[PDB]
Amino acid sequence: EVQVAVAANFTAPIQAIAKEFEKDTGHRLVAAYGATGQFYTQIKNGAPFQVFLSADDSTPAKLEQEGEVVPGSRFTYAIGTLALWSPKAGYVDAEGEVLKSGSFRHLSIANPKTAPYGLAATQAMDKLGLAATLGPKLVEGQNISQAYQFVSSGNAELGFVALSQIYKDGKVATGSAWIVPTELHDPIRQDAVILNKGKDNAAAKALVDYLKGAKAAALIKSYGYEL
């Protein structure tokens, strides 16, 4: 009986971790998907969420500075990666030269004010020196999922997506990708946290002990995350 707030980049991963979770603990994971900032606002307004799996480390810590976090519950459950991606296999090269020289008019990022992966996109465009040239071409999704769908659907020619959305057991499994090297943005450290309303919930404690387990660790590394 555990309400879980899940940043959009971890939509697929948690649905999968929850099948084995239910079968192993008897507790059912009911999760909501969206942007980290949106969940921040909802949690501050009394949303019933009990566990918050963030796409950052900063916002769970911010909720702890604001008294919404069980102290001692904050841990890192996943480290993500940003990838320039397009379903079209010809378009996005393996050094990502298209950012510098492409002919594309639409570039999908996540709302960088609410979506950690969107902030990583803006950071990498900053340190690449392509902020002024790429800014006008940007288009924002409410969350990283919507930014990926803008490309998948055809409303943009490429976008900065979460590696979890294009990654196999080892490999990018679809389209054309450029692994954004980590030197260009802050590492995408994703912190989990138990909220005020999970202080003595057994489904919450069971879930965060299982997110540190072996079944969940093997699934989180199947999606391209590191630990």
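Residue numbers count along the first chain shown, from 1. Compared with the form deposited in another entry:
- Of the two rigid parts that shift between the two forms, one contains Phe52 and the other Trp85.
- Here the chain moves as two rigid blocks between the two forms; the smaller block's rotation against the larger, from C-alpha superpositions, is 26°.
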Given for the second form:
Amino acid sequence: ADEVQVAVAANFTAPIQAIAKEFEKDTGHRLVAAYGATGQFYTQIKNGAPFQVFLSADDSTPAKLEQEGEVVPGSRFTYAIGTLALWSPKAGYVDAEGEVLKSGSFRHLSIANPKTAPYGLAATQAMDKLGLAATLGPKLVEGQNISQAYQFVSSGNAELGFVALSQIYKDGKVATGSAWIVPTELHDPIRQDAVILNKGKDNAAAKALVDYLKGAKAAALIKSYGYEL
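Okay, that is the form deposited in one PDB entry; can I get the form deposited in another entry now?
Keep in mind that what follows is only the chain, not its partners or any molecules around it.
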């Protein structure tokens, strides 16, 4: 039973580690994961990489690799859908329906740059749908990615941030601080897509992993880590 080398967006580290234990216990395939930012794997796969499967934190980068013939054509699918959360490390700062955001009664709001970060785009889409973009604009602090957006609500001076639910979840619930989980109607789906790389075209272990991700056991872990299927 061969191993499968997988490139995993760091957003998805904890779930793939849990999936890997079950995947190996149930199939004998050993899962060898590298973790990093989506763009780091994009540059590597373009330049030549050993992976047979790539789990992106977006859907545009797998699609670009397909357009470039660098991964198996037709292999792209959505393995997880991210969830956007309004979060503070302060207990009880964020009320259950997010009225703290909707009032505008706060000093700074941390977000990711929408041009490059899917969880940043979700935030700006939600603010636009609520009519809050212009009046909250002066309070925004923008980071390059969702990791920076989350860190700033902790080590920087923002009381609120639009973060990935997966950043604040443990064991199926928000682990610390306080959050408002943004309804799906307020933004486009935060699709996280996977592809099989040219190297994995005829690799049974690659196909087994990708289909395992589409199964019921994987779905249950994925939900508990803060995603939708």
